[PDB]
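Asks: If you want the building blocks of each chain, they are given just below.
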Amino acid sequence: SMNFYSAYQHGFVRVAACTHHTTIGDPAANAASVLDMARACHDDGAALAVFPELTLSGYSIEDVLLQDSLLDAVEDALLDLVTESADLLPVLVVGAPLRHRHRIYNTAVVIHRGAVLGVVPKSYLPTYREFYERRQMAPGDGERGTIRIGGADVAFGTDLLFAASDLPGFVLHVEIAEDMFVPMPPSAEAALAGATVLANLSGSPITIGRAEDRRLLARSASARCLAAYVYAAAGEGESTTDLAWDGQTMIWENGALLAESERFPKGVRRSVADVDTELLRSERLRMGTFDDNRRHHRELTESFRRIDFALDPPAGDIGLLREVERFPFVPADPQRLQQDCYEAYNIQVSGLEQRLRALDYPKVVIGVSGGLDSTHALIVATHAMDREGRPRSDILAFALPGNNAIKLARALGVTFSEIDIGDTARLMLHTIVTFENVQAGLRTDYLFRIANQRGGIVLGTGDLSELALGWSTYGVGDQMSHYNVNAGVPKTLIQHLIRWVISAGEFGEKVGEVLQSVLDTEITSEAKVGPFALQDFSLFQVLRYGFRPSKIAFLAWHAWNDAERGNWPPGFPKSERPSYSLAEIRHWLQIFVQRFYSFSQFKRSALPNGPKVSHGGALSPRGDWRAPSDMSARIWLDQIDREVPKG
Amino acid sequence: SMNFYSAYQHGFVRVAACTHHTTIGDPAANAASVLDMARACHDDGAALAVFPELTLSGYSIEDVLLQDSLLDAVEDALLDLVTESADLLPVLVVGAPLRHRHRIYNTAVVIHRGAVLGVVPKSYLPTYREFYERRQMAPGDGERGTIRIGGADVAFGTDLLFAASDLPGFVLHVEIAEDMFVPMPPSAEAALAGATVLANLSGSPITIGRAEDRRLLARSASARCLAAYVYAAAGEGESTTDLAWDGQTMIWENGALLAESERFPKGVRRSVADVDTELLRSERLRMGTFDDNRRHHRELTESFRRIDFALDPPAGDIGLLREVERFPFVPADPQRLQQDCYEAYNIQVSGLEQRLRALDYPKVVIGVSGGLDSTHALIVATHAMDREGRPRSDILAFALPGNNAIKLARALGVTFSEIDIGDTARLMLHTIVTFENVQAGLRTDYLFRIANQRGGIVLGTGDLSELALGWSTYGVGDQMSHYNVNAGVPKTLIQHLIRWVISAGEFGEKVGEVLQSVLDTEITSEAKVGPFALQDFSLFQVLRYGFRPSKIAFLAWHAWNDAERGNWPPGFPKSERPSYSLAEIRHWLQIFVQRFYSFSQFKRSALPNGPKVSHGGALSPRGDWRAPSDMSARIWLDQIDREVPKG
Amino acid sequence: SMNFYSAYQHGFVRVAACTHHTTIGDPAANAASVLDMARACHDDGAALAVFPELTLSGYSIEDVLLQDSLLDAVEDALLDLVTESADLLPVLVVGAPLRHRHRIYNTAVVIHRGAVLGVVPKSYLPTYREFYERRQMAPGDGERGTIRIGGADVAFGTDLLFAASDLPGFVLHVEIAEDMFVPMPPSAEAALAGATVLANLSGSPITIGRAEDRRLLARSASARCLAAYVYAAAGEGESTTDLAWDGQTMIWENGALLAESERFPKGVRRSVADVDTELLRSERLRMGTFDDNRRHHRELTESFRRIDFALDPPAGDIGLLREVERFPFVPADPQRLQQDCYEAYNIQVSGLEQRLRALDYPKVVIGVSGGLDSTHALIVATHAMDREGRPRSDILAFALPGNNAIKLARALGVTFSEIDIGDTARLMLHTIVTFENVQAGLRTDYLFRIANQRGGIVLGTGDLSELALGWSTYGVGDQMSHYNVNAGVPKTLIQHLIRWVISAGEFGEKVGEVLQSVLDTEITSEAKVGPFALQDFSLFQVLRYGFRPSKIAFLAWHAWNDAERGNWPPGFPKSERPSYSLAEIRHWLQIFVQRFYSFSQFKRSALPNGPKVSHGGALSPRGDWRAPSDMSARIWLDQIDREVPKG
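Residue numbers (the authors' numbering), protein chains in the order written: chain A, 0 to 401, 410 to 439, 452 to 543, 557 to 679; chain A', 0 to 401, 410 to 439, 452 to 543, 557 to 679; chain A'', 0 to 401, 410 to 439, 452 to 543, 557 to 679. A prime marks a further copy of an entry chain.
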């Protein structure tokens, strides 16, 4: 029933930061650039278009700001833009010097569908180094009430929110340039009062290092305020009597850069991106201290004035202007991925180290199959022992048949032994896929018994994705161990941790050759539960954000349906770059929500210790995931039936 | 009279962030680690030592926090540390769960010289994902009054400042972990109330990406709050039942990282750095909107309680724990420098572009000597013309004799002409170092006359360092031009902009060969005014911070006296790495303050347009530097006589 | 499209202060005098008519105020005036004792178009010396709410503003007599709250010195409150049992007297004047501390009640009731002009003195052409040298040919030398109106070279009007000098400074004869840029107030079109009293806005030091005028095309 391909119906809001062509001291010309860009934003289906500080006059005109003809021309141009907006989709946020009471104010005028919703004055006017703003303009901090524009009294002040009544996830707040650089910025109080999209109009003459400063402050605002931050600075056309300009625009969301434009461009530029209002909503739902901070500042935050507007956004397929990683646990960017792998590995190792110290260095018993998970756990166990100054021969590795394993153990210098469970199984199957659980259980039973006998503990090797799907023999089974270093690591990341270890090369070339052989042999269960690439994608969206299934399918389809779009991490030869149809994503998603929400929780409910690894979450019922073991997944399956097309 | 080699006498404060060895549930053991580290901080002359969240109990002990024997043992250990501090220099900030009224609070105890100065509870206790803090502990936001510790009632609450009565630049405020992550952090209000050093005790279980998050928030706090930010997280010893720890510590100052320690270390680590309290003071003096923000929140900021203590810091030579760049305008880090050069060049080019458009593309007249400055200006002029779609033959370059110049002009395809001023000079010297000003003036006179005749403007090529020192023939002279693209660029950066242009290679190999020849010929005036490396060093300290001369000499001596210490930017063969004695630095500094404060302002007072380039400042009297043309430098010279040793 | 001849369309508001004929204790008679005067105000197109304190009863009637028949008769008369006002243009402000709650109040009733807008009680009732007011009447300070008049509840209190909704520059506030004499008058808070026109109804028995006291307080109110102040006192008809009355009325604007009436008149009198609401608006726009004062008293100023009314003023030519000086820099009044010239001369001299001291008394090099500007600068240079005890022979004066100059230098006893640039020019024009810039440049080049050679500085002589219009050879040119004493002095004032110096006679009769010869020869460039009388007129309006071009043309046409109207300063024989048509004023104004806003700023952007002289402004880019060097004057030219008739 929803239009599945509509970004607006999935909770996105399309927003634009625009750098126009400045004609200093010519408001009709600045307005014609603005209108042209605003029409491009309309054609793109954008809900918001933010322009540079003092758009209609030029930022850089100093005492010209005070000339009656300049100020009159700004009013005439502004009113003409307002009439134009009757036919434009986006809210426009346009800068203007405007008269109010005794002075002119440096303002952002918020315009929508033929009306002015509000006028927001800059709160802090720098008057130091290259800035002289208090000479021409009055501070807006603490100003409230209304301003008279074109025959209407409209809201004026630095306490205004603009809330889309048909898009509750979109609540706009506006501030100007210096306002975001002070210790207590107006946007931070507005975020706590309910703003989700924070706009900044900037003039910002460019000097060496200044772009880094803008980025630092806008990025950290977006993170600390669990918000999108939409920034536009002035560019070509501002006076270069004493100053230069780079026209930078950028869009941040919760600390992530969604889009940015060319610095020092020839001609106008825009950043345009779909902000996920549900991502912002999900972060604020979970981070309770955000709301405790609002309650601490209740008087400050409860008094904002909320001005309502109806956006009436396009209902159809307008694409999705957003990078959606195929692997939420495996960043495509190589530098970022190296860092993640470094971090995961040390998490795993230091976790195990603390366990070994607290137990006065037991021997470590571990089942090794030659598979990715147990290969990597053995490497972790080895490094933990090395760092604790303990002999590698205190590692007791067991192959348990019902290849690369013995090679790897021999290359590491750990104690390797191979017990054949075939026979004990047989006497079991007699005294009482059955076949295949008896084996799994007898593996575990043995490992524990040897650990008892040898003064050791059992290290587990099962991974987070297996925990998510309940892929595991419950009880006496592979979940059970004294400490599982892989419990927090999703299957999709495991191969990269191994690659990272090989690249490290800190184990020497023989060990690297065996690990490489493991990767080559294992990479090329997924037949029952489907591709781990898709199941790890849904696990992240559910565990981090609680997104509904149709939202997850939509993100997954944009990431995965076309192998040529987007980016792939390192380690994917062209031939190993699969693409998935919506029918496939839908199928594996029905299996995901059933197994995750309903079937699998009981198996997780009694997990072994092991460290949390991913910022996306782990599944410890002592930690990130508290849930009932006895619930149906009916509503999630029904949501898929209702909202995700069959193909 | 001061001890010139004393970092404390130059306004530094030495601060330490420490990660100790956690013994969970054993306060006597945690306190013994703390005391050992605190004694190391004492030996280092540190004024402050901050430890991880809940130091005395362990952060990670969950319901064990509520056990009477744990809480009793924390009190006994805390009191014993307090008695120990009688003999230690630094203020210690140690975490503890402490009983107050109905509940325990997650606290930082601030300890100095045998007394507890104050107890600061955490304001926001996360209870989401891996955090369960509201289960055991009460929120401290809004709590005031006193807490009873060891027979004394001491200040308790999240409104405390600790001010060193003998070191006014050191005013401490403390917050804990999550407190810095909310939209309106307690430290931001404390900065506005007067805090200059903000401490954070953190537990912070480590996950992929989390260190980047800590960095983002601590760095941007330090920048937006014009403060130092001292952060310590827990490491080895915390429980790894569900979580891992990386022991990270770091020290930020105004957005710059001063120090950080090894992640996931074996054993304890500290970051130790000298914070420049005068840098923080100078930034706050200049950025008036910082204080406007305090006045907006007057009620909030005026009610902090200030607790005084006397530090009585070491008076002798304890070195300087701080990286002091030799070239404040030329970052040693290659990536940072590439960025700076990219930015300067585009500033210069786009500045000139706007001037050319506004004048309907005049011809551009430029004097070319073959020197660094005029070589680079000709490159800028060329690129500006290219970008504006204008013919290079509209550039009119003139050699004016009284080599690489004609080569470069020919290689660029601009119009080159060589006028010999020898003869006109002669008739001048007759009709009325004199010799050598007549020449300089006749150069200018000609250039303007040709510009008039040819429908053009004169581009200036003099640089910022020449403006700073008044190295220039005033009037009809080389200062005068229609637009100076070099006016904002200090001499020390010029050579690197040329190198950057060569590396760009966007002009082709012939032009690159000529530029390289310019560098080789020119690099190897400074005999009258001294080394530009030293004069640019002092210019930055004066223009950005207004530091007194003894402070400038001290920084310069630490940067420059030993060629083997510190880092050099790219482009300095081993043989070109000079070192300077204090006697030399003192000599050039006396010349600097006389020329800068007294002699040179009149020549700057009428400068041509050109863009500001460096975040350090430019010298436009319309911009960064407003000063009288008729003042003595007596007090600065006297300060040198009184406070800088002769050698 | 505007009616150019309409004072209302140019932002004037016509206001009247009226002294009526008092019939003590006869309200019908007082109302008939009021109505007669109000009809005269209507016929004059006045927007406001203010009457004396207690108009309807008589001020002086003491306990008769308390008689029921007196109070009833006041109500009946008041209601009848109110019905009459249905047909009158002006707001009427009429005094009445009115019952409210327990007492009568001394009130001003504000009446407009058939309704009572508000009733304002006197705040402070003097009861000392001849005043007994608290005996009969209650204080109004702090009273709010409404009063019942003629079946309507209307606003009552000392917090009322009356704002013309179709004339935003007209916001009225009313106070009574003693209210303006206390340290914190109600009108001062009303000005900060937005009042631009402050009315005072006064009874004010007249004694020796009292008129001076009224003037002092009303004048300084109008200045400190950047407002018009409209004052009317009672006259004939008040009881002379113990007191006399002088019927004074006056209208002040920003410290200037606009109009006043005959003291002790036989019959009624009115002051009627057009208040420039744009002048008040421009002063408040520029004086930021006025608004800082409002923000300091925010609670006080934000709570005024604003009562709106539509004036619907006459749209046609009603003349202009205002003295508009032909020379904003040259007051017509001889005493005022002598003072201005005394002040300018000492400004110039003391400026130069400080420069000479700071440079340890250099020789002073100056180009002397015999013209007004260089003649006067040489006199200034001479007096500065005399005052500093320095020999006149240290002045080095140069004639530079391409008469009165050598006479004047010889008469002063300075060192005179005549260099002929003819020849050096020639060799210049060869090595490369051109002709005529080469000369100007060679003048400058020489002067600087001689200054270098002789241990001196170059004094500039160019004037403010030349700076305004960019009349000057940029660069090496006549702008350039070490110190310009004329930089702040407009051309129109220069001749009067010379006349003043002659009258002083402090140089002796020979020098006076030469100066007189200079005036006679020079007085009788203006062919390219037009009459300096018109260009200085526009410069003042732009620099002081930022008025739009049509407003400037309107003022200039009223000042200049008829030589017989208005006043001329001293020094204008009948034959030298030009008049200008609107077509001429329009033509020179188009040239003015193009040169001033667009063409000329670059030449000013690098000005030499020199002191600000006129309260109207100077053009130092370090001082009064910060503006871009690269802006178009399109909007000002377009404003002229749209709004100023061709002739």
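Hints were generated in silico from the structure; no laboratory data involved. Yeah, the Cβ is synthetic: ideal placement off N, Cα and C, and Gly gets one too. Treat each hint with caution, since some may be false.
Said to hold, decoys possible - Here are the simulated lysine-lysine pairs, DSSO-like style, with alpha carbons at most 27 Å apart: (1) A:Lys265 / A':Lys560; (2) A':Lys265 / A:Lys362; (3) A:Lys635 / A:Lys606; (4) A:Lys414 / A:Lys362; (5) A'':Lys362 / A'':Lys560; (6) A'':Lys560 / A':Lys362; (7) A'':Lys644 / A'':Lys362; (8) A':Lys560 / A'':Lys362; (9) A':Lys362 / A':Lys414; (10) A':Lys678 / A':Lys560; (11) A'':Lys644 / A'':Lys606; (12) A':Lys560 / A':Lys606.
Claimed, not checked - Label-pair distances were calculated between CB atoms; the ranges are: (13) A:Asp35 / A':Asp385: 19 to 29 Å; (14) A':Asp35 / A:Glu525: 27 to 37 Å; (15) A':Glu261 / A:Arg468: 34 to 44 Å; (16) A':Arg294 / A'':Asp212: 34 to 44 Å; (17) A'':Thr206 / A:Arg100: 58 to 68 Å; (18) A':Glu261 / A:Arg335: 44 to 54 Å; (19) A':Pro400 / A'':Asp673: 31 to 41 Å; (20) A':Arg294 / A:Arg100: 41 to 51 Å.
Asks: Hints first: check each against the structure and report whether it holds.
Replies: How the hints compare with the structure:
For a cut-off of 27 Å, the pair hint linking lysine 265 of chain A to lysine 560 of chain A' is broken: about 43 Å separates their Cα positions. Restraint check for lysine 265 of chain A' and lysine 362 of chain A: satisfied, since their Cα atoms lie roughly 21 Å apart, inside the 27 Å limit. Taken as a hint, the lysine 635 of chain A and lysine 606 of chain A pair is broken in the structure, with Cα atoms around 37 Å apart against an allowance of 27 Å. Between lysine 414 of chain A and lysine 362 of chain A the alpha-carbon distance is near 21 Å, which keeps this suggested pair within the 27 Å criterion.
The hinted pair formed by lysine 362 of chain A'' and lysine 560 of chain A'' fails the criterion: a straight-line CA distance of about 36 Å is larger than 27 Å. For a cut-off of 27 Å, the pair hint linking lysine 560 of chain A'' to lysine 362 of chain A' stands: about 26 Å separates their Cα positions. Between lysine 644 of chain A'' and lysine 362 of chain A'' the alpha-carbon distance is near 24 Å, which keeps this suggested pair within the 27 Å criterion. Only pairs whose Cα atoms come within 27 Å are accepted, and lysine 560 of chain A' paired with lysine 362 of chain A'' is accepted, the gap being roughly 26 Å.
Our distance criterion of 27 Å between C-alpha atoms is met by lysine 362 of chain A' and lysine 414 of chain A', whose separation comes to about 21 Å. With a C-alpha separation of about 20 Å, the suggested pair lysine 678 of chain A' and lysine 560 of chain A' falls inside the 27 Å cut-off, and the hint holds. The straight-line distance between the Cα atoms of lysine 644 of chain A'' and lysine 606 of chain A'' is roughly 33 Å, outside the 27 Å bound, and the hint therefore fails. About 26 Å separates the Cα atoms of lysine 560 of chain A' and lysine 606 of chain A', which keeps this hinted pair within 27 Å; it holds.
At roughly 26 Å, the beta carbons of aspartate 35 of chain A and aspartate 385 of chain A' sit within the given window of 19 to 29 Å. Separation of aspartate 35 of chain A' from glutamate 525 of chain A is about 31 Å and conforms to the stated range, judged on CB atoms against 27 to 37 Å. As the Cβ distance of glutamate 261 of chain A' to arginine 468 of chain A is approximately 41 Å, the hint placing it in 34 to 44 Å holds. Range check, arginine 294 of chain A' to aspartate 212 of chain A'': Cβ separation about 39 Å, and the 34 to 44 Å hint holds.
Remark: the range hint 58 to 68 Å for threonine 206 of chain A'' to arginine 100 of chain A is contradicted by a beta-carbon distance near 40 Å. Checking the proposed 44 to 54 Å range against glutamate 261 of chain A' and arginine 335 of chain A shows it is violated: the Cβ atoms sit about 21 Å from each other. In this structure, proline 400 of chain A' and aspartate 673 of chain A'' break the distance hint of 31 to 41 Å, their C-beta atoms being roughly 53 Å apart. Taken as a hint, the range 41 to 51 Å is violated for the pair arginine 294 of chain A' and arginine 100 of chain A, whose Cβ atoms sit roughly 20 Å apart.
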